[PDB]
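Below you'll find only one chain, the form solved without its partner chain, shown as structure tokens.
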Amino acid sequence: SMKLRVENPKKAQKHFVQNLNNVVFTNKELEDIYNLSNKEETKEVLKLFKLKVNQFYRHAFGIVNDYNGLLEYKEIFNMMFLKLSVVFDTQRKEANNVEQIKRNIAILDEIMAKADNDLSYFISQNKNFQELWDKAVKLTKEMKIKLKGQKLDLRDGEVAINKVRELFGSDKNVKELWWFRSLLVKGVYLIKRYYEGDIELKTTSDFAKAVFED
């Protein structure tokens, strides 16, 4: 039914860490870490490290952006940062060890992969979420057609919501679930971009991919 980021997810366990509130590192925080890598010889790998920390952040928020409707997403998001925090422990005591900085980078990747697995696992165990997430794609695809010749002036970010209320504002799921209605509101901005000839859409998110894929 719904495509997972990992087809056959390996068992995942929750540590009940969804209620943490400040897992994400601030810039000053990250900078104070980058600063430890003060030696010359390590300045090249320090770039690859900063680049990975960024890819990391984008990855994490990417998950909440696509799956905020899935209860277990806070668990996955928070775990990612709790793990990052451990890697940073090593980074702080190995600030100029290029081989270590490279291992850490490799681990930051592994942490992301694990996140995708675990996410796929929790999704597989929540058939209901799947039905809802698929239905959201279903209607966004219909909306892709429905708005074929209409005027979409989304400049003030007001029309999108109206259109969703106009075409599906009576759908039980669009009234009751904010996340579901949002996937559709998010969808019309995508459709708009599609019409303007945007070609990267499918790479924008799992949702965008599921929507604009055939």
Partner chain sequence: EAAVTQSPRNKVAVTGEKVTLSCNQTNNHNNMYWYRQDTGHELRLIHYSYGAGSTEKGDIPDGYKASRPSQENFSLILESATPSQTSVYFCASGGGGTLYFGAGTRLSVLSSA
Second form
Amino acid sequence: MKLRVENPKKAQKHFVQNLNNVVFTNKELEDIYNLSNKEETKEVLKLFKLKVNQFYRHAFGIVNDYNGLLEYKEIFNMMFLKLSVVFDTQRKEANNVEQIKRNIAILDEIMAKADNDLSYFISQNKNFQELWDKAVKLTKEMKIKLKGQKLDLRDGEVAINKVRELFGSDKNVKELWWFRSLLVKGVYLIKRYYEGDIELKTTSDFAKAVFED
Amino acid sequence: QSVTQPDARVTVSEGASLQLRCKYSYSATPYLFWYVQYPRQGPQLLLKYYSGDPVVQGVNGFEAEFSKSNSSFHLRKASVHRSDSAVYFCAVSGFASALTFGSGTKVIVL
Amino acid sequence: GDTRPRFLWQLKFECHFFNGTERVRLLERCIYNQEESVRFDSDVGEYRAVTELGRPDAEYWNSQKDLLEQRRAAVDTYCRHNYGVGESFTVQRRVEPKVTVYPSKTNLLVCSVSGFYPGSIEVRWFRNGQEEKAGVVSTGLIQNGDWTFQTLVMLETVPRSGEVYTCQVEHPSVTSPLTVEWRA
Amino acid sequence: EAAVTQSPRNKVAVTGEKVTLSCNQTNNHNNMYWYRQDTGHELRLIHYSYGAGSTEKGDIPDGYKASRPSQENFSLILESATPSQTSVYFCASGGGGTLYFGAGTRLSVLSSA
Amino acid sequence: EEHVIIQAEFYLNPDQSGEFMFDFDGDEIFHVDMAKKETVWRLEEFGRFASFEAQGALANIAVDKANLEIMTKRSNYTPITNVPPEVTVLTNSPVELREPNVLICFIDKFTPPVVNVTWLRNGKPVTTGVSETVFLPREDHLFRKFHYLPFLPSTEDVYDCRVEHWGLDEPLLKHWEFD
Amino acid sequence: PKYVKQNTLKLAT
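Could you please show the structure of the form solved in complex with its partner chain, as a counterpart to the form solved without its partner chain just displayed?
Starting with the chain above, the whole complex follows.
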């Protein structure tokens, strides 16, 4: 399985996987930005907001694609716990351009460190690696077994039904909710791609693994 | 208020044509949706725009155009069947895949 | 004025070394405000609540096999490891003491040895041959914060011209005891 | 059976009472949301969850607490009900781009002279 | 006992201040800067011989902050009791007019770890060349902090180390002057 | 030669 970081440096567990309400709301974020109330700041402030957005997409990007890997919450929560610390500085240096740039470089590092720890736990769970790949396999099989198949979105559980239909007997599909969840996600991708939207290719590590070779 | 709807309540005599106005704000990689909610019910997917053909091919003779230019996602239908007397909400997808709905326009077909 | 109450949390990981690294004790402690609530003493092997507030933590952490495992081996992977890492500029650090004597108002004499490291030092007050001990008063070892020490060993005195008061000190930085004579 | 199953359908609570709303989704979806809609307005999310064990705050969390004990259930909790909480609540499911809402729940908090 | 190495970390609310540092027999080996998120060696030399991944401090402090929250609540919002500092001022070595020396301000035995320190020369604030240390640990869980003021010994100059801390009843000024 | 540190752990619940 292709990792986000090829030779992962060992990852640490802080046992923070059960934390909830770690994601900052838009109101909370806006209160932080409103502290940067100066013309000289406005330019970099825009850069800052972009990073936070990228940051959020990166975090959920991991949960959407790897919720099957146990340590996924740990990695996700550690990201937002660290981000909470960066904001302590932001709140004290709201108009310090250089420091705001530094905070931006730190968010990248945080993301990079998450990609690293992710690649590490995946490289410690061959089982998961196989099952993930099998899902990309069974989803590719779906790219064909759906050519002219009728797919009605706006109606209940069409996806899981089409998954239970095409593979409802597979041991993994039967015992692993996370395996099923990847398959269903795939049916939405197969359709959305076939409807003139190659954007899907680079929307996630799953979409990228399925729409290639 | 990423998305905005200026039309509170728009009434149109049956058979006619209707156009619900919707302009967003995310102005980046908009994931625009339209939802319809008939009385005593919960919003239903009316039509959605991913990223491709700016003209969204909805259902029940519905269509919406995504003009990054005017940064709007207006909704319009050819003939306004009286079976369309309900409220309409346009919205955008969030970071956690949550929908942020607009004010909402109520349509009363005569 | 800012008078909002404060809440503090401190975490300490203490590596205690005896005779090189032959004996190593690791003490991990959690402190809320100024009260230690829970700890892990490598001499014990498991976390122990120091306070009722800390009981939940001792129970939770001791339920983690992989955690107790890492902690029980930290004397090696963490303590001994970090010791070696900086031994050359910490354990083996040595800066020669600057010694200079002079009188003060209050008679009263003061030796004053400064800028030395480590802090283990001996200061002896001599009156050309003998060694006073009743009038000797020390301020004690003083850590300057910059990896150097200083201490002032004073001396009650009733001098006569021609006398030779001398201050001597021995410190790991030098093999032969330093000496500074005083004339009066 | 419904894909998204809310419950109860109607609820009348005395100001101060503890109210719990349930939501079941058999779509094998990971994301689940809770919105509240005041008559004549849009849906505003209270809390959301991206999987079992998870729960994050939304645009209007004050007064509410959510819980996601299993992949299929996401309940909304009202510790001490207040008249302002009188409204219609909708639950939603998600895994594929769009959100699949439920029937809805009418809640009325009485009392307070 | 012969040596003690201490990894000391703290997080303080509502100031949202955190610190990560290593201690050797009471002296600081290094600490990583909150904001800059970089390892700062107490003595320039140390960095020539050792290294630390600052990012590790970030992970730790992040959990430390989460724990302060958990703990504050579990304790029922029991606030910390202020303990005033003990201030002493003295020179780096014996003074001699025309001889460059350093004035050291010792702030000891206090908590919480928040203090304002300003140097005064004849009543006027001096910042030129001043330097300071980060909050150092103590066995009783209180803190220590050093402030330095390079200066030129004189008979006319009269220094003051002005210290502020919630533990005090008023700012504390510690006098010092040649002779 | 890199200094190593102990990981901070999340308190119970």
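Between two forms, the rigid core is the largest collection of C-alphas that superpose within 1.5 Å. Positions refer to the first chain, counted from 1.
- Considering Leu152, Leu48, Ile33, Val64, one residue stands apart with a C-alpha shift of at least 2 Å between these two forms following superposition on the core, and it is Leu152.
- Once the rigid core is matched between these two forms, the CA atom of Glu75 is found 0.3 Å away.
- Summarising the core-aligned comparison between these two forms, the C-alpha atom of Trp179 is found to shift 1.1 Å.
- Relative to the superposed rigid core, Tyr194 shifts its CA by 2.7 Å between these two forms.
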